[PDB]
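The data below hold one chain only, encoded as structure tokens and taken in the form solved without the partner chain.
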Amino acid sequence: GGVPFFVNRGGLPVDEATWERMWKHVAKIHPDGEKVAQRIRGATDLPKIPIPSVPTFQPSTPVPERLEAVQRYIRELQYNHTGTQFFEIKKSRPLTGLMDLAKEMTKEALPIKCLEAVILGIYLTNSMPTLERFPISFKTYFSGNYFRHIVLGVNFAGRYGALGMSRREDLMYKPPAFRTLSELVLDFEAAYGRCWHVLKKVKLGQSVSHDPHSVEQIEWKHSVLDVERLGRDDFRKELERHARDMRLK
């Protein structure tokens, strides 16, 4: 008794006003947007989309292979180009709440951007106890605009890599291969330089608990580096100073 009408349950399907809001926006950000909407909506001709399966690992599977499969799962959700934000992410939520969201993201299987990927990367690597995970944020400048981008830094047995999502191949995944944290960060700085972006700020998070019931928040801004005020060698030493206060804390 009691037909389900669970207004507190999230997930697709979404209401008709929200649905229109996306298509209205699509006509605005695409040259022939109205024709895109007309052709996609109602067409009985749309491909089926499979739900990506979250990888499962044998206990003997090495951590670098697990990282590649985790990054690949994150990629097959696809980068969100639709104009919409599909998930509301409050960065000050307790980790346990952020992990509920990550699980929901795996069940809804919608496109994502950089922050969803960071959340998913933590969720999907909590089960790897020898892997340290910590967010890395970049603020860049280009052509009259400031841009913000975040990835999940990782450390496996002394080597630094990264999981993430970006429109650019060189601004996300990095295999755990760098010997130092400054090499990982300078690698992202070079990739930004390739596209004439000026790196203004690097924010280094603290390492994130592996306990998915943890009520602690993520420390997103444990170290903040003003790269232009630092120069070059003070930058490298401040990065190595955070990494040591990361391995001792």
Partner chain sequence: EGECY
The other form holds:
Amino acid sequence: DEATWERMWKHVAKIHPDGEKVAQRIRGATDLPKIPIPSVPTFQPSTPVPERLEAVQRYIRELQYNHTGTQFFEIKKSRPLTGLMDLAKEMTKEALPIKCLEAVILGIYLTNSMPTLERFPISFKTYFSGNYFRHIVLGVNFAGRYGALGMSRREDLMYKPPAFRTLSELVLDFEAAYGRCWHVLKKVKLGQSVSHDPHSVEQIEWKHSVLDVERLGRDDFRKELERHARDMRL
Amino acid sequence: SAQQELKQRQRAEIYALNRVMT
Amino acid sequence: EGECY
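Now that you have shown the form solved without the partner chain, what about the form deposited with the partner chain bound?
So here's everything in the complex, that chain up top.
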């Protein structure tokens, strides 16, 4: 795959201040730090699900956020689940940096072995200084409590341990985190529970609920997240 | 395995580049 | 979804 490869380096030449010299120094270097391949986490049946989730999130962090400007694992959101799980397995074998959407697919692959754990996508559209921003994490529910797995450029926009007692509290935590950096939350897209069958021929339903956070208002926003939580016990 | 010594070098370069870009 | 923030 040389075409893709030189795309990445040609794209770096543009975006980095000193684009060309940077490629020169790395591509011409004979000795590079060998990066250890991260070990895929596997769990004893005695390990509680919350400790498993901490290990899944640590593995996702280990791959690191992809700052190169070139995505190594393209994701067609309309692919069947068994197609996306094939791709998650190859992320496991290639072990390259990733972004938010790839981490959601990785999070599902790594939690299919936890049938008592409910997984569902939550994507956000936020506004700031004339620009729109899209982000997505993997919502999770364990024993009646809510949390999240993900990959983000910000520490408070990814991992939440499953401690929130309602979905509303989980989502409002994200809004507060967005607010601390002056982002307005415009829209929340919530999907349905993801099947634990890695061979399922169905798509992820990314848009079971779309909430207009400005057109809804505070309490109607809360009632809407709760209707969605009730509908995941479908 | 000609594939694998090449994937390892590409990977080492990607993480070197990823580190610079942070 | 490519900003991730």
